[PDB]
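My request is simple: use the sequences and hints to build the entire structure.
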Amino acid sequence: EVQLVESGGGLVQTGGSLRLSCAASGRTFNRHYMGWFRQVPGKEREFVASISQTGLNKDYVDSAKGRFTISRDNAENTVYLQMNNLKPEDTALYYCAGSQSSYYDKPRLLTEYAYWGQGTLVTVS
Amino acid sequence: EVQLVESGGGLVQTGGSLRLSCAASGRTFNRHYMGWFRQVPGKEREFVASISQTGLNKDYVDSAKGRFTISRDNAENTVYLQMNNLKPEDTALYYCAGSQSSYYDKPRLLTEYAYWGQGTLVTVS
Amino acid sequence: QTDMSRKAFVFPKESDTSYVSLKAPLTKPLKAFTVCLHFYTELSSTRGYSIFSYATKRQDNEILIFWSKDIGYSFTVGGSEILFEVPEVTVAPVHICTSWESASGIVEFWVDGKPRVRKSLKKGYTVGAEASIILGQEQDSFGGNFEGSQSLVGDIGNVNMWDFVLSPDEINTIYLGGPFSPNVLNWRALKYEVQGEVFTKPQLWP
Amino acid sequence: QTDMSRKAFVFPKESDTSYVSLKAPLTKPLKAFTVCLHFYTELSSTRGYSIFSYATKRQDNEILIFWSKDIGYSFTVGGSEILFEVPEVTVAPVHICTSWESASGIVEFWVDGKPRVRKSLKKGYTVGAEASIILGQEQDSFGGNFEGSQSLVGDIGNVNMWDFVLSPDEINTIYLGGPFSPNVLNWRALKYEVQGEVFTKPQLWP
Amino acid sequence: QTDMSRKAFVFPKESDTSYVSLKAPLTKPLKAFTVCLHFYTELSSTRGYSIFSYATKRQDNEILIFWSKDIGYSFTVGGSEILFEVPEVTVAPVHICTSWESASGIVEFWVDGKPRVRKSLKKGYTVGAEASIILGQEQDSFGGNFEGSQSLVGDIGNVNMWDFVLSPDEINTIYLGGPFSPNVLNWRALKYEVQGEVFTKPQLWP
Numbered sequence: 003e004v005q006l007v008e009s010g011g012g013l014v015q016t017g018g019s020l021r022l023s024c025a026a027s028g029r030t031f032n033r034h035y036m037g038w039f040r041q042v043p044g045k046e047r048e049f050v051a052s053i054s055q056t057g058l059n060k061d062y063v064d065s066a067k068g069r070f071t072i073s074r075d076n077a078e079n080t081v082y083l084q085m086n087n088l089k090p091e092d093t094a095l096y097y098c099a100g101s102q103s104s105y106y107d108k109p110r111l112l113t114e115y116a117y118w119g120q121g122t123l124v125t126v127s
Numbered sequence: 003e004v005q006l007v008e009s010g011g012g013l014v015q016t017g018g019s020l021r022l023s024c025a026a027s028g029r030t031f032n033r034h035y036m037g038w039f040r041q042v043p044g045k046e047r048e049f050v051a052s053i054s055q056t057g058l059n060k061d062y063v064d065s066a067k068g069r070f071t072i073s074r075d076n077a078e079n080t081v082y083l084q085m086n087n088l089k090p091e092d093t094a095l096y097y098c099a100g101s102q103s104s105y106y107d108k109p110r111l112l113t114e115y116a117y118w119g120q121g122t123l124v125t126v127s
Numbered sequence: 001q002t003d004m005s006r007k008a009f010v011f012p013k014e015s016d017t018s019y020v021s022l023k024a025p026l027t028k029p030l031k032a033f034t035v036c037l038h039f040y041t042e043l044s045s046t047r048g049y050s051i052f053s054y055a056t057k058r059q060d061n062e063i064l065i066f067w068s069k070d071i072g073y074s075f076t077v078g079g080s081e082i083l084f085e086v087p088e089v090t091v092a093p094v095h096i097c098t099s100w101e102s103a104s105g106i107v108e109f110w111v112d113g114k115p116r117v118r119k120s121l122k123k124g125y126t127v128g129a130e131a132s133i134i135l136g137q138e139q140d141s142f143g144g145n146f147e148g149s150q151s152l153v154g155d156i157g158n159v160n161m162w163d164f165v166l167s168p169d170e171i172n173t174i175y176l177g178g179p180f181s182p183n184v185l186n187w188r189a190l191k192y193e194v195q196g197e198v199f200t201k202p203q204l205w206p
Numbered sequence: 001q002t003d004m005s006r007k008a009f010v011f012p013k014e015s016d017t018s019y020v021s022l023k024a025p026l027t028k029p030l031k032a033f034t035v036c037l038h039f040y041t042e043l044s045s046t047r048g049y050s051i052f053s054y055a056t057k058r059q060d061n062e063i064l065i066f067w068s069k070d071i072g073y074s075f076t077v078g079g080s081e082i083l084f085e086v087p088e089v090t091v092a093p094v095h096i097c098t099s100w101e102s103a104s105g106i107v108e109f110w111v112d113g114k115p116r117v118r119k120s121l122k123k124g125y126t127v128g129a130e131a132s133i134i135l136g137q138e139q140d141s142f143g144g145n146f147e148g149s150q151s152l153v154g155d156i157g158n159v160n161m162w163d164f165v166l167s168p169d170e171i172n173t174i175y176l177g178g179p180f181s182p183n184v185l186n187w188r189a190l191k192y193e194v195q196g197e198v199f200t201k202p203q204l205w206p
Numbered sequence: 001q002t003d004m005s006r007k008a009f010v011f012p013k014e015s016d017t018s019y020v021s022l023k024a025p026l027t028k029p030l031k032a033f034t035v036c037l038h039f040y041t042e043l044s045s046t047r048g049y050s051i052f053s054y055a056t057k058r059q060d061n062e063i064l065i066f067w068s069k070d071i072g073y074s075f076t077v078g079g080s081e082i083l084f085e086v087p088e089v090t091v092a093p094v095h096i097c098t099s100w101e102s103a104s105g106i107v108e109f110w111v112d113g114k115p116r117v118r119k120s121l122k123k124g125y126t127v128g129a130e131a132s133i134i135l136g137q138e139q140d141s142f143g144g145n146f147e148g149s150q151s152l153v154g155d156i157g158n159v160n161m162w163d164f165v166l167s168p169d170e171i172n173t174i175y176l177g178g179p180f181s182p183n184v185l186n187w188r189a190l191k192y193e194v195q196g197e198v199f200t201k202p203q204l205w206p
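Chains as they are written, first to last, in PDB author numbering: chain O, 3 to 127; chain A, 3 to 127; chain B, 1 to 206; chain D, 1 to 206; chain S, 1 to 206.
No lab work stands behind these hints: they were computed from the structure. Any given hint could be a false lead.
Unchecked claim - Straight line, CA to CA, 20 Å or less: simulated PhoX-like cross-link-like pairs of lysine-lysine:
id, chain 1, residue 1, chain 2, residue 2
1, B, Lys123, D, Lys13
2, D, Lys201, D, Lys7
3, B, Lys201, S, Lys31
The structure is reproduced here in C-alpha cells:
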C-alpha cells in the first residue's frame, strides 16, 4: 500500500559513490521488505538487492557484493543503497520496489513484488 | 441508512460488456446485503440479483445466471455487477438497492428492500 | 479407520492445493445434526477463511461455517446465511459446537462453551447425504475451484459430526473431553485423504 | 399443569403474532408482590423490548418490565414509571427479581443477585387481580394490539411471582436455585397457551 | 564442566566487548533441534537486542533469535527470516522454547508456555555442526564483528538445546522445571568462556 519515491541519481565519473535513497508513504513500512532493481533501455528490469523487514538480513547480487551496501531506517522508514566504485556499464534506471506486508524470506524474483516507484537515473562517465 | 450511488451505464453494441458499479455512503455497509433491480418505462421495477454481506453467497435471476456476475468489496464498500453478452431487450434503468442492516438470507422481493439509489441507464444497440 | 487422537493436521503455508478430503458413510438424508470442532489460527486479523465445507452435487454451499473479516462467525445452510458477530478477536485455540434442526429451524452456536442466542434458518429444508467434505479449502464446485484468498493456514482437530441435536449437558461433556460416540464422523475412527502440504503432529491445545 | 423445569420457551424470529399467554388463580386484588425471572436475548444494543406484561381491562400497563434502549431497566406500576439505568451492557443470561409494596411504596430491584437502591412508587395503590399476563409481546390492550418493534426475541424462563415481598435471604436462595413454593405463578405447576412461532427447549443458562 | 544451576550471567552495561562463548560437542550436522532459555531485560521497549547467536564459517546468521523493535520475536534459519508479532510488552522475565524440523519445515514457538501458530521455514536445509555460539553480542563474523546498538543488557539462563523436536508435554515439563536430559547444550554440565564485563549471580526469576 506504500507509495515509493527515489532520489540521489545523477552522473558521476568512474570510481565515485552514490548514496541513493528511497522514501515510503504509509504506515506498514516496517512490515514490508525492500528491494532495488535495475532497468536498461531495450530490456527488462533486473534484480539488484533486497533487505530484511527487520533489517538484520540482506541479499546482494553477485556483482553488488563487496561494492554495494543496503540498509533501512524503520524510524524514518527510508531505505538507503550506497554504491561505490561505479563503472560505465552500471548506468541505467533504478527502481525501489517493495511488497509483502507480511513476513517471509528474501526472494530474487519479480512477480512477488507488487509496488514500484517512479525510478531514478544513474550514469557513469 | 447508507446512501447509494451508481455509475457505469451507457450504450453499447450487442455482445459487449459493462462493469456497473455502486457506491455506498455509510459505515454499516458491511451489515447490509446488496441487490440490483431493473426498471422499464410503463412498468415497475424488476429483480436482477443480490450479494451477501460477508460476500460468500449470491443469487442470480434465471436470465442473468451464466451471463452476469455480482461481487462486493467490503474494504472499499462497493458493489460490482459485470454483465456480458448484452441483448437489445437488456436496455432500461438499473437501481442498486440494499436494506438488511441485520442478518438473513437473500430474498427476491421488493418490500423488504428499503433504500434505493438514483439509478443508471443501460442501452444495447 | 485410523485413530487421530491427540493429533492434528497442520497447514503451514497459504496455498490453493493443500486440502484434506473426508469420507462419510452417510446414506439417509439429514434432517438435523451437530458439528463440533477445535481450530487454531492467527488469520483473524487478515482475510476470511473456511472452517468446514459441506457440498452436495447441486449446491456448493450446503453447509459452510466461515469466518468473515471484521464480522465474525458466518453460518450457512442450504444457501442461506446468518452471521454470529464477534466484537474483538483474541489469539488462542477455540472450540465450537453448532447444531441445526429441520423441524423448528432452531440453530444453536456454542463458542468455547458459551452459548449464543438461538435463531432460525430454513424451516422444512432437507440436506442430501451424498456429499464431499473438505478441510482447508472453500469449494465453489463439487470437488475443486479452491480460491487462494479463502484457504485456511493453521490447525484443526476433534472434528466430529452427529445426525441429531445434543443437549446442553452433552455439549458440556464434549467441551470437557469426556467420552462420547459420534455416528456420522468419528475422530477416533476417521477416514481421510490428504493432499498437498498438510502434516500430522501432536495437538497444541490442551 | 405442566412442569417446565429445566425447560424454556424459544422465540426465534422477530414477529408480532408469536406470544404466550399466562393464567393465574388469583382472585383478591394485590397489595404487594414479587416477581423473579431469568431471560436471555441479544436485542440489548439494537432496540427496546418487553420482558413481562401485566394488564387489566382498565389499564394496559398495570405492571410493565421494559428494557429501554440506552437507558436500562424501566419499571412501571399503575401507570407510573421509574428507570434503573444500566451504564454498559454485556451478552449474558440475566436473572432479575423485583418487589413492590403498596403500604410503603418501596421497590427492590435485584439483578444477578446484586441489589439496586430502594425507591418509591405509587404509595397507597391497589392492583386488580383479574388480568392477562403475556410473554413475548408488549400489550396496549387486554386482548391485542401488539407492536413488532417491541416484541422480544430469545428465551425467558424461571418465571415466578408471589403476592408478598421476599426477604433478601429468600431472594438469594432463589438466585442459587434452592427449593421454594410460589403461591400465584408456579414454574413447576404452570398453565399456559402458546401462539405462533414459539417452542419449548432445554434451557441454556446453568 | 560446571553446574550453573540457580545461577545466571549478568551484563550490567551497554558495551561491545562483554560476551560469553559456549562450546558444543557437536559433530553431526543438525536436521532438527529445540532451544529453550530464560531471559530478562528491559531493552525491549527502547531498542533491539540479540538473544542467541549461532553461526558457521560460511554464514554469520545460521540461527538467530532477535527482538526487533515494534515487531517482536524474529526467528531466522539459514538466513531466511520469520517474525512473530508482539503488540504490547510487559516488564518481566520470559521463558521461550523454539523448535524447527528440516524434514517437514515446521517451526513451533512457545512463549511463557503459550504456543504460537506453527509455520514453515526453509524445507530441505541442513545445519552445519562446526559453529560458534555467543551470547550478549550479535555475530557478523565468526570471531568478532559485534555491534553496540545490538548488544544486550540483562540476564539469561537455562540455556538448553537438543537435536530433535520435543513434544508439547516435554516443553510443558520444561516450563515447570522438572528433570530433563539435554544432549548438545547442557545448563547442568556447561562449558564456556567469558569476555569483558559479565558476572555470575543467583537467578532473579523463580
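- prompt: Which of the stated hints cannot be reconciled with the structure, identified by number in ascending sequence?
  reply: none
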